[PDB]
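For reference, the chain that follows is the form deposited in one PDB entry, supplied as structure tokens.
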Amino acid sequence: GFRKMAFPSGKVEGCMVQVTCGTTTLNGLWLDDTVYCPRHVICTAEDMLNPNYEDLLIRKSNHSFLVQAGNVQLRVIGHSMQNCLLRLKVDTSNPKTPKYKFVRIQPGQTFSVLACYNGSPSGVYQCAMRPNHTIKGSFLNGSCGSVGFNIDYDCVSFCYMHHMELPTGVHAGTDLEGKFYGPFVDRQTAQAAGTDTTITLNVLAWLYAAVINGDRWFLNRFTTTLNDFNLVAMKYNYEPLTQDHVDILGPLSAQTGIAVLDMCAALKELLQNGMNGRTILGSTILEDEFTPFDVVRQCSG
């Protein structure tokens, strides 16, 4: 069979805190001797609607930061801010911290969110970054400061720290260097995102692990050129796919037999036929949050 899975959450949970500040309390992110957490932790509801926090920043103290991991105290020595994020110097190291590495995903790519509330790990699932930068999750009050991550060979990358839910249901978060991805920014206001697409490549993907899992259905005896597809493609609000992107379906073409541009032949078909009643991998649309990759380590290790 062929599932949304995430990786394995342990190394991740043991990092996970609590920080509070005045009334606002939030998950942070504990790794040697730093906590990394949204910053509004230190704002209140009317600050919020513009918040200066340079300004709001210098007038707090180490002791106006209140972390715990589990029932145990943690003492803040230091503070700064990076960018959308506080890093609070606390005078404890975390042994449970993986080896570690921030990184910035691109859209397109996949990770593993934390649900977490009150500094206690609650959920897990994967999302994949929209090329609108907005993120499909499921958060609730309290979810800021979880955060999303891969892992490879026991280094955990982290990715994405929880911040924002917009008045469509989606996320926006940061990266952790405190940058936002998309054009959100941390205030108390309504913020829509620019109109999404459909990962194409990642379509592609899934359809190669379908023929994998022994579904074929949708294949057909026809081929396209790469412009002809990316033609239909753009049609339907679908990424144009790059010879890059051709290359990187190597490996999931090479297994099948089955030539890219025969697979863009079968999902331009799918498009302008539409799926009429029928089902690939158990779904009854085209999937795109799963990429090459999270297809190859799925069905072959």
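Positions refer to the first chain, counted from 1. What changes on going to the form deposited in another entry:
- In the motion between these two forms, where one rigid part swings relative to another, the hinge among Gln126, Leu66, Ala259, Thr198 is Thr198.
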Given for the second form:
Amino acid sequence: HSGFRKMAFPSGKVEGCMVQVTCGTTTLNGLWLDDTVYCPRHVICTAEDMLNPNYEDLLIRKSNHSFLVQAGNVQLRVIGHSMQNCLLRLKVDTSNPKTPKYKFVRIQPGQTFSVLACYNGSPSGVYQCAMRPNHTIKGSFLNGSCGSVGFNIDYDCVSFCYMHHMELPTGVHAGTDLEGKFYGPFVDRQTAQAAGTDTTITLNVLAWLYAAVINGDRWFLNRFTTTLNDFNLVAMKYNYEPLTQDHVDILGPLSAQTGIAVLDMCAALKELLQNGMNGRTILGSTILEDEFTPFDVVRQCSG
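Can I have the other form now, the form deposited in another entry, not the form deposited in one PDB entry?
What comes next is one chain alone, with no partners or other molecules.
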């Protein structure tokens, strides 16, 4: 039992920032940082506006007095409002005393983050997930979950990277960064939008193989190597993402810890793809995991 486990970041710093935002009877979640509340702009939609909302026209009919923002049941009065891409920015009359040190970041495909799933401004649960190559997430969300956020924590600083907006017909999820710019080609309206065909996150498969070596499972290592270009051409024929120069460097620490060169681990993965596992397991499993990152492996080696 290796102890390598998917973990969420402790959510308390984000819990202290969750509020509910209501227009009429539509309620979703918002993020309260200093004296601003961020939330998805479709809170202003009625059922008849959802199919193809004219958000600019809808917001013309709205005043500060139209928005009910609550921390629990305590109202926070709105003193200003504007739209920023697919988000509303609501200025409120109170600076959140629980505001952590924070940044807004744009996540890249293959990277992971924690999601604090919230309903009516009340946190329900926290889980880890990855941004897929096709710019969706395999989340877990019910009605009322919009405005739940995704985040990473680095020491004392919360990096917010995702705000939740919609579900796609295949049951995966789409959303924006905290500037309101969607990840992927998606738009916030009540229409069926197909995601592109997904691929396997090669960087994380390689991390998982390094994790298996660290734990003493090494049957899949070989005495051969590959060039990066040759590997990437084979990868794409197996619907694996190509490796980038950044990916190779991210794997530096695991390569150094194990003494297995990145391109030698790529050669091992190429052999697994072409030959299959033919029965065997890796870290107790028959299929290769692709949502456990190099950062996760390294972090969980020692205390």
